[PDB]
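A.B. asks: Input sequences plus hints: build the corresponding full structure.
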Amino acid sequence: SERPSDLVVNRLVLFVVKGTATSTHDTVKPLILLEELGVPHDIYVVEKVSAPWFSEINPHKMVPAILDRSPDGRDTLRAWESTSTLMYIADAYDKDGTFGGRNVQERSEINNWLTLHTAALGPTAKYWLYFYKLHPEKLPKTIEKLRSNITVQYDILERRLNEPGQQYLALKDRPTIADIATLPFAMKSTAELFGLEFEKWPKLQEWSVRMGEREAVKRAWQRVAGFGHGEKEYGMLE
Amino acid sequence: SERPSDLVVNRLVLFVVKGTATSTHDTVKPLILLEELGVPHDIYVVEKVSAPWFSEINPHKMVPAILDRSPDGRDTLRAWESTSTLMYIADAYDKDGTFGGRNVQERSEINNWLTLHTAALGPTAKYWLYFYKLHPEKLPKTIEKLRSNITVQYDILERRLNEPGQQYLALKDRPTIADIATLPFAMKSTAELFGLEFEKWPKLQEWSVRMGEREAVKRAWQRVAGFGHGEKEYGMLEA
Ligand SMILES: [Cl-]
Ligand code: NA
Numbered sequence: 002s003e004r005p006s007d008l009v010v011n012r013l014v015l016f017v018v019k020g021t022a023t024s025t026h027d028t029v030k031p032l033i034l035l036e037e038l039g040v041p042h043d044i045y046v047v048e049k050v051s052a053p054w055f056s057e058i059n060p061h062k063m064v065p066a067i068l069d070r071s072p073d074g075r076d077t078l079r080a081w082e083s084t085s086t087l088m089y090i091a092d093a094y095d096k097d098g099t100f101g102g103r104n105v106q107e108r109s110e111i112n113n114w115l116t117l118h119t120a121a122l123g124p125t126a127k128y129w130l131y132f133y134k135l136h137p138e139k140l141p142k143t144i145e146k147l148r149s150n151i152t153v154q155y156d157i158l159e160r161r162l163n164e165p166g167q168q169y170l171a172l173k174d175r176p177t178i179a180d181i182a183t184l185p186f187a188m189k190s191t192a193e194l195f196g197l198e199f200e201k202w203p204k205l206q207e208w209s210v211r212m213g214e215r216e217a218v219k220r221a222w223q224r225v226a227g228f229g230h231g232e233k234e235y236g237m238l239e
Numbered sequence: 002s003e004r005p006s007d008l009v010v011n012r013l014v015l016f017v018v019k020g021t022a023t024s025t026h027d028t029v030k031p032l033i034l035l036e037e038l039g040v041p042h043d044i045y046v047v048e049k050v051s052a053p054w055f056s057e058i059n060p061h062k063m064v065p066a067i068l069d070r071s072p073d074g075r076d077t078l079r080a081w082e083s084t085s086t087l088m089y090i091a092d093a094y095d096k097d098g099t100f101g102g103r104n105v106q107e108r109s110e111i112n113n114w115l116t117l118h119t120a121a122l123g124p125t126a127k128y129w130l131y132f133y134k135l136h137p138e139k140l141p142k143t144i145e146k147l148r149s150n151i152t153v154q155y156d157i158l159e160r161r162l163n164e165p166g167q168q169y170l171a172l173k174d175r176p177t178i179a180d181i182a183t184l185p186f187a188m189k190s191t192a193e194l195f196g197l198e199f200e201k202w203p204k205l206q207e208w209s210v211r212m213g214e215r216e217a218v219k220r221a222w223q224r225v226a227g228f229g230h231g232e233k234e235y236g237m238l239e240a
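If you read the sequences in order, they're chains Y and P.
In this text, residue positions in the first sequence follow full-length UniProt numbering: the first is 2, and each later residue adds one.
In this text, residue positions in the second sequence follow full-length UniProt numbering: the first is 2, and each later residue adds one.
In short, the hints are calculated from the structure, not lab data.
Incorrect hints may have been included.
As the list claims (entries may be wrong) - Label-pair distances were calculated between CB atoms; the ranges are:
1. P:211 with Y:174: 41 to 47 angstroms
2. Y:230 with P:203: 18 to 24 angstroms
3. P:174 with Y:163: 43 to 49 angstroms
We put the beta carbon where it would ideally sit given N, CA and C, even for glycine.
C.D. replies: Structure, rendered in structure tokens:
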């Protein structure tokens with residue numbers, strides 16, 4: 002339907018919701034990359050993701066979502082699903098491939114570890130959270146199986162980070178969109194939410210701290226928590 | 002670990018298992034794109050995905066997986082997760098971006114619909130199949146919720162294919178890796194396996210038929226069924 006009056010696309014617009022402990026694990030992903038690359042962007046706090054105008058941007062009716070001017074300015078582009086928002090930002094703004102990958106060999110590993118998160122840990126974690134908190138009935142056997150699957154995903158990330166010189170998931174030398182996608186679901190606070198001892202994956206914990214010490218990541222976590230708690234509650238932030 | 006004697010990487014090697022109705026819906030995806038682009042490749046039929054040598058290729062211990070030579074031909078690289086195998090094959094072999102997308106605009110929509118399948122329909126369908134067939138105990142409330150989530154994904158795809166001129170999921174004009182990734186989980190036979198009536202999503206059904214009519218798609222479906230049922234059951238198949 003008709004867009005809100007304050008929704009204008011002069012630059013990349015990242016769509017988020019009010020910052021809470023449970024609302025920021027996916028929206029933080031594109032924000033980390035925007036902060037890493039220093040991309041000019043606006044923040045739009047969505048009051049209701051069920052709103053018809055928003056389903057025209059993201060048919061899956063969730064944040065994060067992006068509206069942006071196409072390189073030639075002929076079209077308004079959109080990105081939705083948190084992994085797709087990372088792919089878009091990398092494609093449009095990371096022309097060096099510092100986070101997207103510079104060659105076929107780099108991208109091969111980046112896309113392996115990015116897709117592993119997109120297909121396995123990400124959806125498993127979101128099904129765990131749904132059945133644990135959101136489902137009207139509690140199904141403990143389903144929850145236990147999903148928690149078990151999370152430990153297997155942590156085992157895989159741990160095995161990778163135990164390989165000689167492998168400081169990051171995809172590339173030995175530097176973090177990539179694979180690392181950004183994985184971090185919010187592979188840190189101590191999220192491990193504790195799942196009822197897991199994160200010290201049981203030492204190389205994964207080290208990696209999460211290494212990622213956490215990055216200035217862009219610190220800025221992203223600060224800002225995503227604050228969205229919708231400033232002077233403006235909903236709509237285009239200033 | 003120790004590789005099997007017959008595993009050599011002289012070109013792209015696609016790792017599959019013995020063809021059944023429920024063993025081919027992810028392995029067929031890279032095979033469709035290989036057939037579309039006419040990429041030279043070998044097929045390796047894995048007997049046990051639990052084999053230590055295989056986990057060195059794919060730590061997730063599943064098919065599809067790819068071993069291939071690097072562009073220069075000095076080194077060997079790998080792709081695993083079906084979506085990743087599509088991204089790799091497009092990156093290495095689809096230089097025109099016929100299926101990968103030719104510009105930032107095309108790739109924005111290709112990645113939206115590809116990631117929707119990778120994150121939503123794909124994992125939901127796999128968890129449905131797991132709880133329905135593989136889990137030692139049948140959990141009908143879990144299976145029903147997953148089946149319900151599949152109908153929501155079908156609703157999203159139907160909405161997209163009801164938009165004016167939108168013949169394919171990502172692009173209006175031609176199919177992409179987004180369409181290839183989606184097809185095996187959005188076709189009549191799969192809809193019947195889930196216990197759904199696929200005619201409830203008319204534009205989605207028409208799209209699945211349009212995709213199914215493509216020669217490359219037919220060849221991949223025909224080939225993926227036969228892997229491990231020929232004169233060689235497991236290991237590197239003979240062309
Ligand atoms: Cl249960
Ligand atoms: Na049609």
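A.B. asks: Compare the structure with each hint and give your call.
C.D. replies: Taking the hints in turn, this is what the structure says about them:
Our hint of 41 to 47 angstroms for residue 211 (chain P) and residue 174 (chain Y) holds, since their Cβ atoms are close to 44 angstroms apart. Taken as a hint, the range 18 to 24 angstroms is violated for the pair residue 230 (chain Y) and residue 203 (chain P), whose Cβ atoms sit roughly 45 angstroms apart. Checking the proposed 43 to 49 angstroms range against residue 174 (chain P) and residue 163 (chain Y) shows it holds: the Cβ atoms sit about 47 angstroms from each other.
In summary, the structure is inconsistent with hint 2 from the numbered list given earlier, while agreeing with all the others.
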